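Novice: Chain H is fixed; fit chains F, G, N, E, A, L, I and B with the ligands onto it per the hints.
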Amino acid sequence: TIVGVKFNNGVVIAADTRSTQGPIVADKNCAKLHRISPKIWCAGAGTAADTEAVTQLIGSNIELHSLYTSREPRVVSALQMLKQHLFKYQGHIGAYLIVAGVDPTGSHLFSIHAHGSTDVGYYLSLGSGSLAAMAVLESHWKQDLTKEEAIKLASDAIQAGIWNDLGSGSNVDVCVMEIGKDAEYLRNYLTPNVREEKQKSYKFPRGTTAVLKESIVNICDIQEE
Amino acid sequence: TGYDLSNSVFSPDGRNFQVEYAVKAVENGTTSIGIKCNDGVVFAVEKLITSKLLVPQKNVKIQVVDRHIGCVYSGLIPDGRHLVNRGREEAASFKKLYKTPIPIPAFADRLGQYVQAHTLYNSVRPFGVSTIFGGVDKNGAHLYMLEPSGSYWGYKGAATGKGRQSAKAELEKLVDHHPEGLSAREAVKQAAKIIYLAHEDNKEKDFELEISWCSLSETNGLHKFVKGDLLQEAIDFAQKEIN
Amino acid sequence: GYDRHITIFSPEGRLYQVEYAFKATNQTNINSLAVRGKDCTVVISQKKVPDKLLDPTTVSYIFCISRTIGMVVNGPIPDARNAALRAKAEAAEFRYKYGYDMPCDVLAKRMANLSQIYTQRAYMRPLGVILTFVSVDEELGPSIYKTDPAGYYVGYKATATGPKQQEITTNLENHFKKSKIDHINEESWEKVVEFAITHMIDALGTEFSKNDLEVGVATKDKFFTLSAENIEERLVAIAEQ
Amino acid sequence: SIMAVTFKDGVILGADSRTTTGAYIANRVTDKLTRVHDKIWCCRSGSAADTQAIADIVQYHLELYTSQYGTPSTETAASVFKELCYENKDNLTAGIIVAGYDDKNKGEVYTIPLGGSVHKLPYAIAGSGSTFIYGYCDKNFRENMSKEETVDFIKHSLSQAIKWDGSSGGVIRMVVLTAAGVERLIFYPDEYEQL
Amino acid sequence: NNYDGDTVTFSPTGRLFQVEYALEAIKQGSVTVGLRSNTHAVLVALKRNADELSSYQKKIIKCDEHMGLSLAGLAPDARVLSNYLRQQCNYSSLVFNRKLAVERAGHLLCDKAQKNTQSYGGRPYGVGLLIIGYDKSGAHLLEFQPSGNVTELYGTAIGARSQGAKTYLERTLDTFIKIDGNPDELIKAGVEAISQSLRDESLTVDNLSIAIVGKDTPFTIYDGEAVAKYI
Amino acid sequence: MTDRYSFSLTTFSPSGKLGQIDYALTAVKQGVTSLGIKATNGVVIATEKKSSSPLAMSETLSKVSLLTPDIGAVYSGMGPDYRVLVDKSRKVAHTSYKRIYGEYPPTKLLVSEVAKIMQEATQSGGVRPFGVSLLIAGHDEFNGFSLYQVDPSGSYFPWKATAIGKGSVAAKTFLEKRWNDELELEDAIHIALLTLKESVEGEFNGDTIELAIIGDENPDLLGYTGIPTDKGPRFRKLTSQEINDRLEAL
Amino acid sequence: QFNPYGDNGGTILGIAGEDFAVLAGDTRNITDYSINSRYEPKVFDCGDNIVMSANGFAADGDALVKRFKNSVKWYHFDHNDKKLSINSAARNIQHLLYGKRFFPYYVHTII
Amino acid sequence: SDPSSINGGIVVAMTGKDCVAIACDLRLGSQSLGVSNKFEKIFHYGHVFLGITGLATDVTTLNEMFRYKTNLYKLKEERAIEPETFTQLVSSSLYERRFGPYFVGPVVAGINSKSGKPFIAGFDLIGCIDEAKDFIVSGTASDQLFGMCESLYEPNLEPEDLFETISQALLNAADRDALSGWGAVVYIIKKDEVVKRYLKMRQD
Amino acid sequence: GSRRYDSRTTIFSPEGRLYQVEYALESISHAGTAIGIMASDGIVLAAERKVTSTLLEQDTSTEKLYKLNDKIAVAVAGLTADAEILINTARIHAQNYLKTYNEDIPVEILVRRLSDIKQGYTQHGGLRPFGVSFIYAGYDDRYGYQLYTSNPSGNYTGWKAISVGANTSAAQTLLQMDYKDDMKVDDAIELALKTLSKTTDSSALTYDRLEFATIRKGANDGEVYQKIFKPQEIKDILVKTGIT
Ligand SMILES: [Cl-]
Ligand SMILES: [Cl-]
Ligand SMILES: [Mg+2]
Ligand SMILES: [Mg+2]
Ligand SMILES: [Mg+2]
Ligand SMILES: [Mg+2]
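One line per chain: the protein sequences are H, F, G, N, E, A, L, I and B, in this order.
The opening residue of the first sequence carries number 2 in PDB author numbering; numbering runs sequentially from there.
The opening residue of the second sequence carries number 2 in PDB author numbering; numbering runs sequentially from there.
The opening residue of the third sequence carries number 2 in PDB author numbering; numbering runs sequentially from there.
The opening residue of the fourth sequence carries number 2 in PDB author numbering; numbering runs sequentially from there.
The opening residue of the fifth sequence carries number 3 in PDB author numbering; numbering runs sequentially from there.
The opening residue of the sixth sequence carries number 1 in PDB author numbering; numbering runs sequentially from there.
The opening residue of the seventh sequence carries number 1 in PDB author numbering; numbering runs sequentially from there.
The opening residue of the eighth sequence carries number 1 in PDB author numbering; numbering runs sequentially from there.
The opening residue of the ninth sequence carries number 1 in PDB author numbering; numbering runs sequentially from there.
Accuracy of the hints is not assured; some may be wrong.
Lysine-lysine pairs mimicking DSSO-like chemistry, simulated, CA-CA at most 30 Å apart [unchecked claim]:
no.: 1; chain 1: B; residue 1: 67; chain 2: I; residue 2: 69
no.: 2; chain 1: B; residue 1: 50; chain 2: I; residue 2: 76
no.: 3; chain 1: H; residue 1: 89; chain 2: G; residue 2: 98
no.: 4; chain 1: A; residue 1: 108; chain 2: I; residue 2: 69
no.: 5; chain 1: A; residue 1: 49; chain 2: G; residue 2: 181
no.: 6; chain 1: H; residue 1: 204; chain 2: I; residue 2: 117
no.: 7; chain 1: F; residue 1: 206; chain 2: E; residue 2: 217
no.: 8; chain 1: E; residue 1: 217; chain 2: L; residue 2: 83
no.: 9; chain 1: H; residue 1: 143; chain 2: N; residue 2: 164
no.: 10; chain 1: F; residue 1: 62; chain 2: F; residue 2: 228
no.: 11; chain 1: H; residue 1: 153; chain 2: A; residue 2: 231
no.: 12; chain 1: E; residue 1: 114; chain 2: L; residue 2: 66
no.: 13; chain 1: A; residue 1: 91; chain 2: A; residue 2: 49
no.: 14; chain 1: N; residue 1: 121; chain 2: F; residue 2: 97
no.: 15; chain 1: G; residue 1: 98; chain 2: F; residue 2: 97
no.: 16; chain 1: I; residue 1: 74; chain 2: B; residue 2: 180
no.: 17; chain 1: E; residue 1: 117; chain 2: F; residue 2: 96
no.: 18; chain 1: F; residue 1: 96; chain 2: N; residue 2: 40
no.: 19; chain 1: B; residue 1: 180; chain 2: I; residue 2: 76
By construction, these hints were calculated from the structure, which means they are not laboratory data.
This is chain H alone, in the form it adopts within the complex:
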């Protein structure tokens, strides 16, 4: 579950932290909020390796572009580079992204589909929990939101996904990008899913496991003398 919400003087994005292989949870605290440039962040859904790799590639090229032009990177540049890359691979790179950021032009919020389509909006949601999140956004979004109202709306939308969608869960990450300020990345902004204490300790008595051989492993280099 990933969302993007525009507000008065900027934009905010948020995401859950669950990573799954089929019905299994591989990572309970995955970081879905990526940095393309200092003030341009994206949230990714779909094939995890694809969203990371496509984010790093365009982030690398954006850095080099920023150095070449002596200018701060723009969101439309990252948007254009991403969609052209994804379009070229005809959807085989399963990256679904919400791209947001601030630049000399202002604040921006876009979504990117794996086939190369882009959309503009004041509020967006992607992933398996996008419907649960969008229901919240459609119910509570309004024009002229404050920074504090937008963070609340965004995290509420992610919570809808966490509770109601099985593909989403665990914690809530946030990143706020306000105009004329440094972007603040709020890792684990919310932690409403802490595991309760176990009833028992499963620490074993030393010697419980049967062993056949022991040996020291030489990790060091070849020695002198």
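Specialist: Quick look at chains F, G, N, E, A, L, I and B with the ligands alone, frame taken from chain H:
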């Protein structure tokens, strides 16, 4: 020294002597002209009759590009043909992509860039032709002249070859005496005269006159050769003026 | 002495082909000038039509590279048009790839890098042109960036190029020493063009008719060239004060 | 549901704002009227990815055309669209309507269906919702309509297309192309549903 | 002098010396004559031998049923150019079901030769060709030079001592053009024309080579006892 | 067309000299003076902004360039050659390292890559050598602070302190007397300004001098907060004002 | 899906005599249950006293015949107007057919 | 047919207090047939350990590949590679074969020589990094390992306790998988000593 | 065209010599001297840095001695930049062999491969040769300790003791005089330094003007250790042998 031995080499002057040597091949060639009229353009060229064995009206020098552009040139004839072949490819790809026939200024740059490219490397020779060309497009009539360097400008009248000075003088009179403009049928007559007057520089061998024209009224904006009675009418007018 | 024919080092550490390309720059015998206003960037250039048979409307050394960027060239027209076509292509490609209009300084750098390659690679000759790019950049404001055959480029408060560049340069230098600012403090571009023409007249010591000049103006979100009648109106205003 | 209509003073483009993934509305405020030149716009239907990529390329070609040869015709713009749609027909799903205004040619409309063919028309309709208004549009279209009459014609037409087509909905966006300039219009559900 | 090392270099007077040197190879070659009327077109070629034991080098090559040429200069270069014509004549037939026009055949040869004069590394062709043919606009005779220049003519001659035959044809112009519907008399005029370029040696049975094409006459070559009739 | 110069333009002469490299070094000698000094807690690189015209805005021309957040570069010789080398150096730091290992390269390895590019222009077909000598200052976790020189040949050497270009012979002598292994960064900047004043003729101020440091991490220049391990770039270009402040205590 | 082959029907027949040979074929051309032409020649004189027919898919048959006629033309050019023997023609045709072994000419050929 | 479950096998890694542990089974088979009981799936490049499950040919191939890359890294950098850096090298290397992937499930384990911080990580077959604090699992009995690790694991275990926990996680998970077992090896890793133990398990 | 400017780097002289190879060797003869000495229980590599400065950072510097793998090292004489191109190629080649056969590359095979690359630049491509001469010091289980040298011609030979770079004629005479077959590493270390000390163009031989390395079986039990000497360690061995 040695700066003139290789193409694309700047001399200490800042000159490309190889291009300047290509101009000498152009100056050695037969006279060709172009006249911009009210609603179109007229091209004419001097064809030297080397021998009686030459078949009259067969060795055609003026070339059409697309259906609305005419091209004529002085100097190395094969080099001119190569340039026109390219021009035809350029015009075809333009019409393929953009649908409309290539505008004359657009076409002029396509040749210009191609000729200029042959001054950038020592692995190629510059073109040994100056090309006079033009026609009618959506914005009206246009006449151009293109040199071995790749340099081209728009013209009211244009001339090149061995009798260019004589021709240029005649063209300058027409511009002065006709500020309101010249008609297409007039331009054909005047073109004939100027070639005949310019023939004094190639007076040893007799010659054959060849004229073509594009005009919005007279030819519907298409390139056509002047033939038969209209050609003879222009020859008679030209012969009357020299006597 | 083949170190003077191709772009390799001479014993003095010099590239003679690059130096001779600089000399080709003045072959046209035309002088150009560029200045910045508050909201605009103005470029003027001498126009010379020696032949009466020429169509004077087609004689131009100012080019519209993109909607925002304009370029004046000092040098032979074939090399000028070569550079113009490439700059147009590069500007268009930039907008397609990166989603925003190519800045004036970035285009200047790109063209300067291409020029650098010709000074290092043997098979390619340098272009005998100096390219002066002008715009009103959306970040940097009024901008003048100039490129030469060596691959060198830099931004300018104002600049001049041509045979009599030094006379124009010093004239401009002396004005900015008085005003103590990096631009022409003037609201309308019309008056900035009048300033440019006036100071070229003073520097060169020649009077100009409407057909002796060629003017290009850059404003926010568009670059355009003035017609003969627009220039005439400009010359009238100068004479009336 | 998209359409383009020529009239006395120029041409008007019109479209709905719905984008779907199956039966889920991924975007309810989509802008399907896109600009390829100052006064040459297009209406997009089919794949959003394909139509965006195409329109981006065309905009690039016409920007480069303008730099070299000056303002392109609407016919020229339609040809560039065609060339892309026709030569890549195996890999594309794009139904595009091209509309523009010249001073010489005035308002012109070209439709480019799936195959890559080009058809110049007085008015054009396309998209899944166009099927439901072939009858209405044919009966109600006239040549040389006024601006206000043409807006009403598009509004009523797309209103019905939206009413019957599930893939169409949201707001009705319109773009007016005349010598006066470029005017953007918008019409919300409460206005057009009660028609 | 300094400007004749390669084909990519103009001289200070605007000359291409490598092309001019290629032109020189033609003048060293054996004489060949071309002429036509309104109905037929004829090639006459003086073949050259190495010595008495050797054969006489073939001068005439067939390109199509309605077209062919005679050569003078580097024979291998003529083989390359004639092969190109064969392919072009053939492309016209297979694709358009159309016999290639003689004028258009000349244009194709011109453009092929030209590319070799403007590029580095290559060399100009070292051979001159006389192309005859009968197409939809009647009989034709062309003269090809490796500079690229192709010329349509009533009659001509190239090779060593070719000026003598060319003068004869210039006098006979009005006569031989009128020889319509009579192949033998047109060949006679060609054999008499090439005879003006002979010194010391005369036309023998294995020395002479004749070819003809016309209205109802495919391009055919005559050698050996088939030309004894015309000696 | 085609690039038909597939052969070397730099070759050994009978004496064993590589002419084009020697001549490239001569071009570097004519170039404006630039220097580098290494301290215990940082590195400083400096040069004169030789303005070609007073109408020219010398701020737009950057002689000192950021290659990575912890690596900077300055040159002497041909400016255009330097500009393209910086472009290639920046790119190779990503393609041949960051996109593989997920981190920026250490100074010595980036220098090695730049050196490789310059060597290839000394042996490849149809090209002349680069007419520049680079000074590359940088920091990395395992090697600490470092300063490298790179010549047209592709050869590179690590330095405690050095100078290149116009008045390098005199400047290197000046640095030998002042340099020690206990220098703090501010002391190195002070020595850099003293050394550079000798080679400059005209105006000597923050607007005519370009100076940058590799020092402490700058979290204020990072652009974002929230990741403890990301502490900001060690490369910082000194402002015109910051230079003038240290010229009063000179 | 696109099917590059078709069936134009027809039938051909070759018989060899002691000092002569015949090659016969009907003139009908069809697709499915329709007639295209009642007179469309199928047997051709290819030169050098050789006759040929390639029956089945007409487009492939026309192409093959067209190519063999071309082969005869170039045999004359390359080998001093030598007459192409029937056995040499057969071997040449084998190579024309096998050259498209993996995208066959869909015809039964007789000379 | 499914390449990831032809040969069979498992790998698991755990963090402890100033220590890490990585373990693997020893089986290699061709579906039902057991072929080798000496096929170790854990390798080390300096002080960084890598366990690989999946298609055995790719396991062997990748070991040889990362040995190649780490040897060059060391020659150029003049130092051994660290786990965090090696983790990125694995991810990079796997994603360059995105549309023709190695059918493997790698697991990195080791201690940063400078910071002393324990580090483990896991990947999918095309590069995605799973950097967990507690444990990483991979193989045909990954579901079984997830269940054992999630219930048996507790943070800040001492080396000799961590050995028992990871060994019991592996053993009992392997015994519920047909394609895993036939022996097992456990590496206990500390900042400057590494112990390797072979476990006695049921051979069916 | 372009032919005009071609130096023709890969041609024979009338005497049957390769011009560019001969001139490259002339370049190498001005480079800092490098010496290799092979003993029964190890190999020594010694090399002289060229006119250094007091401001050169020595401890992080490397211009002469390079590591190809754990078993093989090289001493360089000539253009350093050229040498690094070849060194990186040699490093890759060793790793390719290891990946293929799962065994460390035999010394000669690595030497032959690099020597074949050098040969190629003298026969084809029209490029200048690499102005580099190597001394290869290495060990494998077939031939044991081995010393080789390669030069720009691509020709290589094996040695008991050898010098490259400057003053090789004088250096080779001194080595030929004092070298014996039953010699040991500690004795070879002394010979290498004594030879440099006499052949050097400098006034005196000091630690800051040297790079030094040994390949010893002096590693704990049957295995081989490479020791690239540190500045302080070079200073100590100079005092021990009695040069400073
Ligand atoms: Cl660039
Ligand atoms: Cl869309
Ligand atoms: Mg060059
Ligand atoms: Mg609806
Ligand atoms: Mg089991
Ligand atoms: Mg079992």
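Novice: For a C-alpha distance cap of 30 Å, please report whether residue 74/I and residue 180/B respect it.
Specialist: violated (37 Å)
Novice: Between the alpha carbons of residue 121/N and residue 97/F, is the straight-line distance 30 Å or under?
Specialist: holds (18 Å)
Novice: Check the hint pairing residue 89/H with residue 98/G against an upper bound of 30 Å on the C-alpha distance.
Specialist: holds (13 Å)
Novice: With a cut-off of 30 Å on the C-alpha distance, tell me whether residue 117/E and residue 96/F pass.
Specialist: Distance ~26 Å between residue 117/E and residue 96/F Cα, so the pair holds.
Novice: Checking one constraint from the list: CA of residue 96/F to CA of residue 40/N, max 30 Å. Satisfied?
Specialist: holds (22 Å)
Novice: Compare the distance between the alpha carbons of residue 206/F and residue 217/E with 30 Å, and conclude whether the hinted pair is satisfied.
Specialist: Status violated; Cα separation ~35 Å.
Novice: Need the status of pair residue 98/G, residue 97/F: alpha-carbon distance at most 30 Å?
Specialist: holds (25 Å)
Novice: Is the hinted pair residue 180/B and residue 76/I satisfied, with a Cα-Cα distance of at most 30 Å?
Specialist: violated (37 Å)
Novice: Has the given pair, residue 62/F with residue 228/F, been kept, meaning a C-alpha gap of at most 30 Å?
Specialist: At roughly 14 Å apart (the allowed maximum being 30 Å), residue 228/F and residue 62/F satisfy the hint.
Novice: For residue 67/B and residue 69/I, compute the direct alpha-carbon distance and say whether it is at most 30 Å.
Specialist: With a Cα-Cα distance of about 16 Å, the restraint between residue 67/B and residue 69/I holds, given a limit of 30 Å.
Novice: Please work out if residue 49/A and residue 181/G have their alpha carbons no farther apart than 30 Å.
Specialist: Judged against 30 Å, a Cα distance of about 21 Å means the pair holds.
Novice: Quickly compare the C-alpha distance for residue 153/H and residue 231/A to 30 Å and report which way the hint goes.
Specialist: Roughly 28 Å between the alpha carbons, so the hint for residue 153/H and residue 231/A holds.
Hints 7, 16 and 19, counting from the list given before, are not met by this structure.
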